[PDB]
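One chain follows as structure tokens, the form solved without the partner chain.
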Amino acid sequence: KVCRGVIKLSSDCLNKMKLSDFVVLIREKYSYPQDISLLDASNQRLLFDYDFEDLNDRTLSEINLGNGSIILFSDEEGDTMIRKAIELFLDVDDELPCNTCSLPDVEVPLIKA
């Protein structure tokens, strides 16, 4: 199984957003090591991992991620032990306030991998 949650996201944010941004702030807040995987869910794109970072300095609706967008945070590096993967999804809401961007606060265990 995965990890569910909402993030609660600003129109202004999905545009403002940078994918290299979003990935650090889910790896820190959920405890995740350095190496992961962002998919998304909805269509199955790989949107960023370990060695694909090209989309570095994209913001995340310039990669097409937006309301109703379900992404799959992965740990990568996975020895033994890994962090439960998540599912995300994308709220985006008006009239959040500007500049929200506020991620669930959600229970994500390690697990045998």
Second form
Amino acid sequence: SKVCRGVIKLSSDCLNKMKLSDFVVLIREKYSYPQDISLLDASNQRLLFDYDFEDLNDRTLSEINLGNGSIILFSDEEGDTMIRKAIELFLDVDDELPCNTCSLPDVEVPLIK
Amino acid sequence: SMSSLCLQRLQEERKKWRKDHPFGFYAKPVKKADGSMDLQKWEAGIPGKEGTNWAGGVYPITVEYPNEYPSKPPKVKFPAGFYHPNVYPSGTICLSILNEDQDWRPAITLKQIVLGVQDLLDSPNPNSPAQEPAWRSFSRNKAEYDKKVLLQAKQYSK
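Having seen the form solved without the partner chain, could you now give me the structure of the form solved in complex with the partner chain?
The complete assembly is shown below, putting the previous chain first.
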């Protein structure tokens, strides 16, 4: 009940071309996260990207084993008083939306202590 | 099977560590087959104190977090066969702040743990005989003990 939630609608084509670095850019600017973030695979609980771990920066979403029905956790990792609430993101890829589709859900994510 | 509080607290631990960790120590989550990190298993290194027989060595530990962390303490291990009166043959360190029934409290950071382990190196605790041969040497053949320690310092040279 603490983590915010939303479903991303993706194209099967988009999942193979989407770069992890830009995927982070998209999520950060939609929900007003700060610079220092961390990105987990919420199912198997692997750490895939953060402010220091940039090994996977260049890989595509499929190249880091994210597919249909994978869930992502995105957290505020800045260590300030006001912290942006964590959002959990489901990955629903359907057949077929226009290719190169990555529509992030409208979610009211608050600033908490 | 990690609780969301465990995930939250582990990400914060990695962050506090980045900002503030003791000089000469290192601690980093393990990398897995797929190239990703495992937040539950960390590799760290403990430098021996200068002006002691442990000087010059950096001693490797693994910090393994239970699914119930921070309710339950991490498991900290030197390599199996590591030589110290308070280290089991398996490599498990005996420290009261790592015991759920003793001095462990959820507020205990990775910093406090690694400093505690470092203090243990040169000051073995008599209420924790965990390794028989090492305890025997320490108690009644200090020259055989010191020598073994100096060898181990060289073995784990920086």
